[PDB]
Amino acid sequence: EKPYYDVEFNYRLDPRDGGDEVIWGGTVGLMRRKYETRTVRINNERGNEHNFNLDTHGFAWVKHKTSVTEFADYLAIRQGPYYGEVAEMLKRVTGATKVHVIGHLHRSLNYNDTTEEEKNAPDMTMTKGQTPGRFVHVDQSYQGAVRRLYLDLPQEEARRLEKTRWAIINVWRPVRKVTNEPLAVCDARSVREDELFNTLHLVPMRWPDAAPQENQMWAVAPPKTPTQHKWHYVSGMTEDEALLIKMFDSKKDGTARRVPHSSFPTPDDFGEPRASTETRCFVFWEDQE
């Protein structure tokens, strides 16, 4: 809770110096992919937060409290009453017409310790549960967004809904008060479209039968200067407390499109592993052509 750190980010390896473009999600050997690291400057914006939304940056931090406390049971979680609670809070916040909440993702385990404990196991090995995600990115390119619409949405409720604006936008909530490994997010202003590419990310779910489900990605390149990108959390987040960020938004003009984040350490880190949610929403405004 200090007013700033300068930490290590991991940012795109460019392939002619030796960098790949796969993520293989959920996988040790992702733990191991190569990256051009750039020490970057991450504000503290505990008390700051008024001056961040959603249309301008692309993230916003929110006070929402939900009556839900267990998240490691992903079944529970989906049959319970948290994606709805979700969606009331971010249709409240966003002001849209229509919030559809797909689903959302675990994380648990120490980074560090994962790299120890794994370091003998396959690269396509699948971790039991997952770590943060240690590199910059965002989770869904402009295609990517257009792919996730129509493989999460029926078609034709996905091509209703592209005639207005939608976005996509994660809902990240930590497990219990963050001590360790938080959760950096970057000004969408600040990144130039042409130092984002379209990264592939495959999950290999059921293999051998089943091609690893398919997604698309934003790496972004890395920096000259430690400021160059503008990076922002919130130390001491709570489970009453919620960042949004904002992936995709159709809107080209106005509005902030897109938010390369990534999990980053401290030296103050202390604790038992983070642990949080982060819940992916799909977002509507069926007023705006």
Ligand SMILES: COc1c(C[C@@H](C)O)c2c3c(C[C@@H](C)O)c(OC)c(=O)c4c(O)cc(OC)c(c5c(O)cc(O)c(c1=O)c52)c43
Contents of the next structure:
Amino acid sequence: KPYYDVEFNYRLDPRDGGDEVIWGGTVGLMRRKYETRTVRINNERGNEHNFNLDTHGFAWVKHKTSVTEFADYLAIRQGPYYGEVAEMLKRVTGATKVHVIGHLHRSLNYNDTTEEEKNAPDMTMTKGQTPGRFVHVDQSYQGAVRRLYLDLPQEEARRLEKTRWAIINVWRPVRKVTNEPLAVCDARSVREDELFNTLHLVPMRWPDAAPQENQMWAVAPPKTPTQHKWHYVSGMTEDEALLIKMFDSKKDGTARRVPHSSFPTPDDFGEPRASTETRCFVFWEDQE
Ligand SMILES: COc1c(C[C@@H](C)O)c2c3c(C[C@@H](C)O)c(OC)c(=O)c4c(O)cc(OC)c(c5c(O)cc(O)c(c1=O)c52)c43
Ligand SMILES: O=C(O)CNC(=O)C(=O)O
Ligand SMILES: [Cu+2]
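Let's compare: the form deposited without this ligand is above, so bring in the form deposited with this ligand bound.
Let's see the whole complex now, leading with the same chain.
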């Protein structure tokens, strides 16, 4: 198909009932209220070469990994995957150094999971992760700084912040994507006044620990299915990677942040889409 027209979940203003806390990995997040809008998502399979991290903030690349089982977090983090992702990412970006923070594995079907968790209290944590069905950027400009100093040593963070740096997510499906693909929005089609800093909390080890803290962009709804420029690539395989730019320190016109969201297509079929998204810092110690 050349495109789809699908309902997307955008920011609901608090004056109209919305809240400002994204309770990551909870049943409650699946119940969050959004301003829904229908947008056009252009299929770009066969046109991937036309999109890059500098202009649009995303790129589809061919990249073979040696890892096949992505469900075991410990197996992934000790194994070679992070280094494989980091070498690809430096190759693509021309970066000077790449530091992999971690990854999130997603394997649940959204609607299946809604109904199994219909009786669950909101703060119940799902075993596994559902797709990310809301428009967001994983880090605000503030959230990117917060992440840099939380995930890197203090001296390291201070120095790398003097040179150009960026947060890029490396999204790879476990197998050929036949349902709930991932859509990315042209960074240039959304303005700064549409971006809203939003708290993102992960209540790991409650009540012994405070929930983990992160700051996202929420996105104001468009007024037109084509105002925001949405794209995706059908049938993404585990030998292909979607690089999504969440943040870039460069303030000179280069794509700085990419709203993104999964979405169901009417032709969805098969067992639930499964994927990993690997959060990465990217440093160009020769710039800025
Ligand atoms: C496996 O460990 C989890 C991760 C680790 C990272 C590597 O993915 C979590 C994320 C963190 C860690 C912070 C909150 O301390 C991010 O900072 C790196 C991050 O940028 C992220 C993200 O922007 C979107 C998210 O999902 C929408 C997840 C998040 C999630 O919502 C629920 C989850 O259960 C949690 C994890 O348990 C992840 C968070
Ligand atoms: O895979 C999904 O359903 C959503 N993933 C993301 O938004 C991401 O990789 O940051
Ligand atoms: Cu995301």
